[PDB]
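Engineer: One letter stands for each residue in the lines below.
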Amino acid sequence: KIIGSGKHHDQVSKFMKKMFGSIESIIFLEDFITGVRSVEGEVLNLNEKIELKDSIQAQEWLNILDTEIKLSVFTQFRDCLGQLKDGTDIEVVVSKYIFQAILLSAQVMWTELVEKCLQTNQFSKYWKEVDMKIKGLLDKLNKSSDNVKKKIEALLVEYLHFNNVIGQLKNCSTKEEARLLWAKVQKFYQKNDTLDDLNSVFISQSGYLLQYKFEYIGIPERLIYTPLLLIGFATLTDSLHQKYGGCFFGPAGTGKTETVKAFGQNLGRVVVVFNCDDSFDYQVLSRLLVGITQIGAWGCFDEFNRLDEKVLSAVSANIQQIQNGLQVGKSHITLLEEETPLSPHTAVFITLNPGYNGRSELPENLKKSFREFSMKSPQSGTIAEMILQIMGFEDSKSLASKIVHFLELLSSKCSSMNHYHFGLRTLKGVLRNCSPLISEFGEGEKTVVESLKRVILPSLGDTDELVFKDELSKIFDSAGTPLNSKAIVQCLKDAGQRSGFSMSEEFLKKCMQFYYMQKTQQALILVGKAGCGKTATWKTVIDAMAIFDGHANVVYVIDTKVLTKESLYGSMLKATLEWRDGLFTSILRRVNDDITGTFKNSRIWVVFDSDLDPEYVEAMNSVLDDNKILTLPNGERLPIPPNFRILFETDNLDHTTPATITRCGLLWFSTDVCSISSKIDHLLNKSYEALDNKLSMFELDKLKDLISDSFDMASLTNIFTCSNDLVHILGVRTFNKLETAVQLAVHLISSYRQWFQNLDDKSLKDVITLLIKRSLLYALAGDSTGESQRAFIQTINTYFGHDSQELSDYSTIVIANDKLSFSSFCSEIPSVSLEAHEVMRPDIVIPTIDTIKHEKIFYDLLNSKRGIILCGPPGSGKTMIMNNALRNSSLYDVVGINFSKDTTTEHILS
Amino acid sequence: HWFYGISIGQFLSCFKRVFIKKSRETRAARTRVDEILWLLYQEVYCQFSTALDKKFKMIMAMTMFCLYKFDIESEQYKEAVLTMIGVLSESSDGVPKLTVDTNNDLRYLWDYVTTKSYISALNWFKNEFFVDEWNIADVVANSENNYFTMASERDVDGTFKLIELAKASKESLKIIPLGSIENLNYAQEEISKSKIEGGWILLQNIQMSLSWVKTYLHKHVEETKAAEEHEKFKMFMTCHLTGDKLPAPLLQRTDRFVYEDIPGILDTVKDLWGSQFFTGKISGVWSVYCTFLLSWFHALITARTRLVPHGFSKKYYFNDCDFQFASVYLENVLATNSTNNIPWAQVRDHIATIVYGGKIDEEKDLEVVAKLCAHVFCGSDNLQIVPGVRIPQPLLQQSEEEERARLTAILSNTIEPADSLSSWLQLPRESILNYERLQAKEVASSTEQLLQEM
Ligand SMILES: Nc1ncnc2c1ncn2[C@@H]1O[C@H](COP(=O)(O)OP(=O)(O)OP(=O)(O)O)[C@@H](O)[C@H]1O
Ligand SMILES: Nc1ncnc2c1ncn2[C@@H]1O[C@H](COP(=O)(O)OP(=O)(O)O)[C@@H](O)[C@H]1O
Ligand SMILES: [Mg+2]
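Chains as they are written, first to last, in the UniProt record's numbering: chain P, 1547 to 2456; chain F, 3639 to 4092.
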């Protein structure tokens, strides 16, 4: 395509990202090349414009541009260094030169000044000067544009490294210790008396020198400088001095590849990263290796420990060839069945992840040419202080020490739990949530306290909350208060009492915690046993925010485990080469692509309302991370807008990885949000509003008054406590049987509304009480043996009043159209006779008292519009009783599905 | 283990030798059948123990002694030794049924085991075979094969032993290291011409070229049965027990044995110090002194590596690459800096963390390396690395050759005490006793489990 693009010369800019790795486009002029621009967005202006005639090949002018960009970077560096040496403000020079040039100029100036400072041992003055520079950069960051903000942040990272080193040098007691510390720190120098400008600047660490190749790097994600990072740099430069390659091994997520890339950036190189175990072809890798050898770039094998055995052997042979050529000093090595030149600036790095067997090591042929090093997670205190210094926090050292001490204290005192993770990741999450809170309250200790109470506190259990509170009081001297209280609390109360929910202290506490957590977090997890109120909590908060802000809400409730990964994320027809959307990506595209609907002024919620497993979430881990992009296995890479928020409603995290818990805002429901006599009232109101559409006014008011005052929690609390004494098959706690009790009671009451108008008040109350007793018995003790059912009947007749009509084992309201009395009866015992030829049909049943009672209760449960579960030993007669109850009626048709050891979800649909 | 494979043919050849070996009239075992059985046991242990490492050598010796004495001796001996192995293993405990004046050698074994001298107790069974273990001289001379595999761990290489043998065995050992495709082609040409010229050839570190051996060497050695009809040449292979699994037919075709010879600390110091000046001096006197100290430190760290979990919680093979990198750093720091000793403080922190502490992934082992470096390098005009030697700092005239001679003399003057692993190293003697008890427990458990099966 490039070869055929020798006339327009504008199709190369698409592949500039691939062939340069750092620059995304070439900024053109009407017939000249006026510069380049990187992926982050930054105009590098070439000093000498490149003419582009039509006859010139793409190869020739690309070749001249390759040197021109490096010469331009050196020119920017030289101009910036002189201006900085003159004494220009870092603020006035940021706007002129690219990030790399100002970075290198700063580093060289800092090294030069601190050398003489170490000679004279007067560190306080330069430390104060650097601190003032950092404060100036910090205040200029607030007034920065979209492009300059990244550059300012990177310069802040490097300047805080400078100040850290100067402070450590100042604290050193002896000159020997100061020089020991200065040896490890990566120093920068330039030769003022040399030709070949591109080789003027070099880097000295531990006495080893490395040339600075001036390849443009852009404005990359700078890593925070920590004493464990500089040890990685020292190991890499020690390996590179002796021409050995560079191997890192350690736990995943310790930034091995990022450390290699940061080392490359400091040296001015862009590191070509070969990603492994991504169905990575070998031939393309061999081509990349030949390119690395010929150019001289640094190639890093990310996750090298995961490769096919034959592919691993082939690539190890190639790497050994390259390394042998480098060590010997020979040129024109033999690989790819070809002799190719080998530039002596080539280098190979490898990062090995821990496998299933534990530790992973290099192949045998590479162990004699690679110097392995073990990477570890950084110390919490050092980078805690560094991040607090990234923000404008005062007393950042004391704050970081207090935060780390509090976290360790919590880990030592709080009760052990699966999701209790107080490592470095929790610290970084606390700081990231503390970052946006700076707008509301300043950069004091109370901001950290509020972030801790908004991150750690919700995820803690009930017994550990008091520990959190008292340790927070006794560690942090000041305990703050939250703002924006009255308005959102009143709005939550409105949105809850509108839906019937009871605004208890616990429910309001959980709603407030969820609201504050979703204020900043994007991925939410709600954990708690079935019936705690996760759905009620988040629905109430959604309604409250809709009423408060005025933004509309769009909710997509998806059950993850019902749908396979192909349906949830997207399926590709490998035999026909079409990609299908799936469910999650379809509703993401409907958000990004469409604008006619209310999608910019509305908050999108995707509630994964099912148990989560690592396999499902690893396909969206990029969404959970700071990337905030959904990376499909093939297709467009979808950006999630700020309104798009993912919630996870589950009941356990026994299979969710620590990474997902740390990234996602976790809200743990340690107890039910409402008491028994609040769920009962909510269900009563939800049934009254359903009956309201098919009933008169006064009759309904009187009936609901009778239902409400007929039972009281004083008598029912003893019943609910006694129900736990009974043995329950397929046990479910009574807080979940309340729904069945209330719904069945209300339906039974409503089914006899015709016989209530001409009914006396006393008999009406007796009817309501008897039906309530029946519903309570068949909901609480409905899954008992049958003798324990009689025991529960005695309990019911004891704890209710002694005047209401007693409930017997067969007490049923039978109503005759010729009489007005309720006429409650029991124990009919009918009789039936059948012929010989009817002895076995799938619909012949001998009616006994047990059969009639079971059929009656089953039909009453069906008419209550609630699902039923008949649990019993084989041959007991569950199917027979259903089919008899539904054969008599002309309203229901039975569809019998027979589940087996594995009935897929499409069996039911079929 | 993938290396201890045994075939019916080898066993039958070993038994054939039992009759065809009129060395010396052994103990008078009455009937000829008993004497043949004893000779069979002796020959099996003498031949098939070379292919095993030290722990499995002990296991074989104990198990075969038990198998022989469960038939030759009485029940008062059988239950005695069964309970004896139960005592040696830490799984069971009790007193054996010691019959006085009837089982004397068992009483010597009881004296050994009560004194908690596990190594002598385990070597008692080897001593009871009254046979001298075959060295590589015996194996190379006696076995009528042209192929031998020399396995070992990654800490010790027996290439020097094979060189010394072949220089004294009829001609020209020829080392052919593997590696890149150049090494592979050079090796194939060398072997193709050496099977005709007859010189002994060696193939260092087969493992790295596994894919090559699976394709070239495997079918070659399986098909070159006319090599015995070629000139009398011997092709050797060096592998690693912890390395990758060699193909089964290739290993079965060739003879095998395990090189188990760990040199003493002083021996390693002497070898390293001798080898350092063979390549010639690089810098002045202080470079020589620092190279001597580095040799001492490398020997100490390598010696402590073998012990586990006492000393190092794992096994970190400190090869010669670490020594080379540390030597390069020492030359650099003594070149850029001055003659004075001031930068010792940064000689440690680089050696203890970057070159020798890079592989380390646990904090305890890093602390071990750091304290070892602090002990070895921090010195003021008189350094006592081990309680038996004192190293004075260089002279004032700075005569480098005299300094090298003096260091050689101070190496030759001292001798290694038998308790060096507790005195020369910093870990206590009780640690060594616990380690020996653990290894004896492993041996006893394995042999009891084998006895359960047989
Ligand atoms: N504040 C409240 N006052 C009264 N009743 C409430 C309150 N909150 C919840 N409930 C009752 O508790 C029920 C819990 O329903 P919800 O769907 O929220 O449960 P959950 O714990 O998330 O469980 P699931 O795993 O079944 O989704 C509600 O349907 C309602 O009947
Ligand atoms: N009252 C009854 N009248 C007639 N048959 C009964 C009665 N009680 C139990 N049975 C017998 O019990 C068996 C239960 O069958 P089925 O309903 O298939 O078991 P399940 O409900 O466990 O699937 C029936 O075959 C029926 O013949
Ligand atoms: Mg729910």
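It is worth saying that the hints were derived from the structure and are not from the lab.
Fair warning: there could be bad hints in the mix.
Think about it this way: if two alpha-carbon atoms lie no more than 30 Å apart in a straight line, the pair counts; the simulated DSSO-like pairs of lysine-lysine are [stated by the list, open to error]: (1) P/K2174 - P/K1999; (2) F/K3863 - F/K3833; (3) P/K1560 - P/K1547; (4) F/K3695 - F/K4079; (5) F/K3805 - P/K1914; (6) F/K3863 - P/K1914; (7) P/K1914 - F/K3735; (8) F/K3695 - P/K1730; (9) F/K3693 - P/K1730; (10) P/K1913 - F/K3693; (11) F/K3659 - P/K1913; (12) P/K1913 - F/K3812; (13) P/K1856 - P/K1564; (14) P/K1914 - F/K3908; (15) P/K1914 - F/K3693; (16) F/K3799 - P/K1914; (17) P/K1595 - P/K1759.
Engineer: Now tell me, hint by hint, if it's right for this structure.
Structural biologist: To see whether the hints hold, each was checked on the structure:
1. P/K2174 - P/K1999: holds, 25 Å
2. F/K3863 - F/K3833: holds, 11 Å
3. P/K1560 - P/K1547: holds, 11 Å
4. F/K3695 - F/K4079: holds, 15 Å
5. F/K3805 - P/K1914: Status holds; Cα separation ~28 Å.
6. F/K3863 - P/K1914: violated, 34 Å
7. P/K1914 - F/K3735: At roughly 56 Å apart (the allowed maximum being 30 Å), F/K3735 and P/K1914 break the hint.
8. F/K3695 - P/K1730: Roughly 49 Å between the alpha carbons, so the hint for F/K3695 and P/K1730 is violated.
9. F/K3693 - P/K1730: violated, 45 Å
10. P/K1913 - F/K3693: holds, 27 Å
11. F/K3659 - P/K1913: violated, 46 Å
12. P/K1913 - F/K3812: holds, 24 Å
13. P/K1856 - P/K1564: Since the Cα atoms of P/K1856 and P/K1564 sit roughly 27 Å apart, the hinted pair holds (cutoff 30 Å).
14. P/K1914 - F/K3908: holds, 24 Å
15. P/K1914 - F/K3693: With Cα atoms ~29 Å apart, P/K1914 and F/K3693 stay inside 30 Å; holds.
16. F/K3799 - P/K1914: holds, 22 Å
17. P/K1595 - P/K1759: holds, 22 Å
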